[PDB]
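Missing here: one protein chain of the complex. Every other protein chain is in place.
Chain nomenclature is as follows: A and B, assigned in order of appearance, with residue numbering initiated at 1 for each chain independently.
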Amino acid sequence: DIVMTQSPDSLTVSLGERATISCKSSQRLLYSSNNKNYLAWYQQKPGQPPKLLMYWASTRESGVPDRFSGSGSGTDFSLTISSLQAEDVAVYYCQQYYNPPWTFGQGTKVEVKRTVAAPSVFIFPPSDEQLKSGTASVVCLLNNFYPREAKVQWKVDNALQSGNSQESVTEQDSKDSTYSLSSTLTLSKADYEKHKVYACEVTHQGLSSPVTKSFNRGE
Amino acid sequence: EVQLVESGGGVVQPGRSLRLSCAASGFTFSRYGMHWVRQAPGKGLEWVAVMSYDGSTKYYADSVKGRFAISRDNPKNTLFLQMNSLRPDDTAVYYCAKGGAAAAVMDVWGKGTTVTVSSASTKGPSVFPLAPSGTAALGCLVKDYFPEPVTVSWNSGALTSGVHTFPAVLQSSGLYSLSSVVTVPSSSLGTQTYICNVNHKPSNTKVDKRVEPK
Partner (left out) sequence: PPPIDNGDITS
């Protein structure tokens, strides 16, 4: 079984700069009899299925832009994106097809490095609909910031909440290169009704001091 | 153009079986070898199996050899995967893939079907508004479903710009929750309708919710 190893695991590139992804095969992928390397590259943008970019090491698939170049021979291969564009954020996979089992490299994530941007923060109360089931979700949205690192602190009538929230973060946006994050606080219906002021406090590099969005239950 | 649509995913209890299908269109299915490839969530691609054009030749990953059987039906343009003795680590998106003319590569992929092996059964979601009130935000909260995935589109797909749909979070209850939001200018809040279309195919749940200020 032929082992494919990629390097590095992750690249963070400035717009217009060069990304270089390396792929190393545990077995020579060159066939003496036809002088072709049985190596392919795939691109998988966030939330989408993989697309074939390259085969025979360097032959571009139809529709692949000419900022992508595949090269190498033998055991050592390379995928280069000259002059990276925002669209190109993805995970890239090399793959040998010299022989079964077809095997993939572990994947290399590519992201854009960009200017610092502060999140826009939005707070949502639970709907009246939800309450009828015994529980309440308060949602706090951190929109289009950079870099990825960010802090959400929930407060309920000035009490700092912990252990009762969960967060998730989108993959970097393909046009403005930002991230977004949703945080959900969970409360019993009875608890949500006993308190008034619900607040989402946000810390991030692009803000000089924490931002707090709030609502009073009952509006 | 070439299309591969996978089907048959959902949740299965440990130990049991599941059959996936792949409806191929837009090419002569009879002339091409076809693959199954899978991807655990947040993880890499893993080749599963392949069957040749006329069906006389197969190969399987060691991971699945003897457990899985690839087959195909040429007159009906359909590729199958019969999966047996499933375990939680078989949990993944399963992509159907067409072989290249060309070279033994996968030149076209389906979007995949999501397979989940766990000790929990199908449960449809409830949908709750994330209500608004320069730039305003609204959304829907798609709550307490299993297994993955749900999809959310806005205004039947007409509204894409400024849409963010977040990775589902697994709650302490073992049920998923997913949030989808869109940002629009605040003066546009009552100026047109914003409707989130939610689908949870394992439960046959289909919801259109209009979101509005109070």
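Note that a residue touches a chain if its C-beta (ideal position, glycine included) is under 8 Å from a C-beta of that chain, and two chains touch if they have at least 3 such contacts.
Screening B:20, B:24, B:45 or B:50 for touch with the missing chain picks out B:50. The hidden chain makes contact, of the residues B:33, B:110, B:147 or B:202, with B:33. One chain of the complex is left out; on chain B, the residues touching it are 31-33, 50, 52-54, 57, 99-104. In the full complex, chain A touches the omitted chain through residues 31, 33, 38, 97-100.
Basically, only the chains that are shown with their structure count from here on.
Centroids of chain A and chain B (each the mean of its C-alpha atoms) stand 18 Å apart. Chain A meets chain B in the complex at residues 1, 38, 40, 42, 44, 48-52, 55-56, 61, 93, 95, 97, 100-107, 120, 122, 124-127, 129-130, 133, 137, 139, 141, 143, 166-170, 180-182, 184, 186, 219. Residues 35, 37, 44-47, 50, 59-62, 95, 100, 102-112, 126, 128-131, 135, 137, 139, 141, 143, 164-169, 171, 177, 179, 181, 183, 214 of chain B are the ones touching chain A in the complex.
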